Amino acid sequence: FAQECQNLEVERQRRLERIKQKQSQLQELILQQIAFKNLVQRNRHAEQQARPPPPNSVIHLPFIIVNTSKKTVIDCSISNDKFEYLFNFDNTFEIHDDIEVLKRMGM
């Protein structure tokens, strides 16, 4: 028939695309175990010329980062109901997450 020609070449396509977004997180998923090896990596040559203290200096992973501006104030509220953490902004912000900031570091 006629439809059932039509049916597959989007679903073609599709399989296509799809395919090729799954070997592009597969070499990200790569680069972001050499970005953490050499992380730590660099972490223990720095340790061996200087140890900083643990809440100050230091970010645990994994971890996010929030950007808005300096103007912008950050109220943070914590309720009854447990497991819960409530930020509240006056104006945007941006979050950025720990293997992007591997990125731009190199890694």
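If you superpose the two forms and keep the largest set of C-alpha atoms that fall within 1.5 Å, you have the rigid core. Numbering follows the first chain given and starts at 1. First, how it differs from the form deposited in another entry.
With the core held fixed between the two forms, residue 79 has its Cα displaced by at least 2 Å. Once both forms are overlaid on the rigid core, the distance between the two CA positions of residue 8 between the two forms is 2 angstroms or more.
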Contents of the next structure:
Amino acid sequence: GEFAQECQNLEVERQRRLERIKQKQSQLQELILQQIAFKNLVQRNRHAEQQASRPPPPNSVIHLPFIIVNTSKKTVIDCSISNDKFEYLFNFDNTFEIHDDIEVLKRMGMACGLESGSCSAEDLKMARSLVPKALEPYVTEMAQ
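Could you please show the structure of the form deposited in another entry, as a counterpart to the form deposited in one PDB entry just displayed?
Partners and other molecules have been left off, which leaves just the chain.
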């Protein structure tokens, strides 16, 4: 019964290879979304600035990298801050959430909705234009 067991030991290895392939495909697609959202943001701001003939005021703009804490408008926040600004302490009387900049970018639509399998024709046009030619297959796939 040699042959039978060696068939098992190759289906084991194959299953192991297959799921490591699934993980790296997901990780790769996440990297591709980050590339699209970032280049998309840099271009939108580039054209915006070369229309206003000027870069936005120092405020009114949040530069990457950042994270966002959001809470209801009626939440009471109080804060302590150290002098050097190396330590902050915030109290909230209601729940909050925290989001990384990349997921804010996805919510803005900068990943062209690919993060949701939903993509316009004018969205996959630009999404595919923002990646190297060889990874356009992935982008078309993530738009179902």
